[PDB]
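Here's the letter readout for the chains.
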Amino acid sequence: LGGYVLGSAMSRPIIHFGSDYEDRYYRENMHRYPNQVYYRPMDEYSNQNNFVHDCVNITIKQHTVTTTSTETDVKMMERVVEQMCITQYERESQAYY
Amino acid sequence: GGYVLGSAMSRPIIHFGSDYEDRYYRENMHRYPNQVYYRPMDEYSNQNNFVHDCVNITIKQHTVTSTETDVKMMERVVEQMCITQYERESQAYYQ
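Protein chains in written order, with UniProt numbering: chain H, 125 to 192, 198 to 226; chain Z, 126 to 190, 198 to 227.
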């Protein structure tokens with residue numbers, strides 16, 4: 125809780141699954157998940173653990189509100210958001226110090 | 126085949142959107158494997174096909190060798213280890 129900011133677009137990561145169905149589904153459908161994440165702006169209480177934790181949590185919540198679907202899409206959304214939040218951390222911390 | 130087994134590595138930190146899953150991993154991460162199988166780096170490798178192959182072969186090896201929760205967790209762990217292995221291998225390969 126504390127104010128989040130919507131980050132700039134980034135290229136969507138390719139997420140890999142051991143199941144052939146899901147692996148292909150992601151390749152074909154990745155263009156439909158967001159390519160931006162909401163995050164808590166970096167300050168003295170921030171570290172990589174809580175930055176990504178907070179980012180994944182709020183981004184997933186906001187996407188539910190914004191979308192006003199399937200089990201498969203939920204699973205994949207969460208994985209792409211985590212990878213994007215890690216990128217966002219690298220962006221915000223290589224700009225903080 | 127043409128795969129190798131990697132050295133054991135620190136288990137990855139992974140965050141989940143569900144509070145339950147997020148805590149389950151925290152508490153049960155030590156019971157997923159801490160090494161992956163992968164296609165060793167050569168002039169055809171890049172991050173995408175390396176991770177693709179490593180996830181495919183490692184998951185297949187552990188299927189041959198679960199709750200829905202553990203299967204999800206396992207895949208996330210393997211993918212992060214595969215990404216870390218790529219970083220290690222490509223750094224060495226370009227020397």
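Just so you know, the hints here were simulated from the structure itself, not pulled from any lab data. Be aware that one or more of the hints could be misleading.
[What the hints assert, rightly or not] Here chain Z is said to cover these stretches of chain H; the calculated rule only asks that three of the stretch's residues, wherever they fall, bring their Cβ under 8 Å from a Cβ of chain Z:
(1) 150 to 157
(2) 174 to 180
[Unchecked claim] Quick list of in silico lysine-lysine cross-link-like pairs, DSBU-like style, CA-CA up to 35 Å:
(3) Z/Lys204 / H/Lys204
(4) H/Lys204 / Z/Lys185
(5) Z/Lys185 / H/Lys185
(6) H/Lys204 / H/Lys185
(7) Z/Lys185 / Z/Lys204
(8) H/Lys185 / Z/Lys204
Beta carbons are placed, not taken as given, at the ideal position from N, Cα and C, and that holds for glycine.
Checked hints:
1. 150 to 157: violated (count 0)
2. 174 to 180: This one holds; 3 residues, not fewer than the three required, reach chain Z with a Cβ under 8 Å.
3. Z/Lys204 / H/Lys204: Given that 35 Å is the threshold and the Cα spacing comes to 9 Å, the pair holds.
4. H/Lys204 / Z/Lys185: holds, 20 Å
5. Z/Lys185 / H/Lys185: Between Z/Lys185 and H/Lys185 the Cα gap is close to 33 Å, so the pair holds against 35 Å.
6. H/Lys204 / H/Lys185: holds, 14 Å
7. Z/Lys185 / Z/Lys204: Since the Cα atoms of Z/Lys185 and Z/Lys204 sit roughly 14 Å apart, the hinted pair holds (cutoff 35 Å).
8. H/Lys185 / Z/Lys204: At roughly 20 Å apart (the allowed maximum being 35 Å), Z/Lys204 and H/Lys185 satisfy the hint.
Checked against the numbered hints given earlier, the structure breaks only hint 1 and satisfies all the rest.
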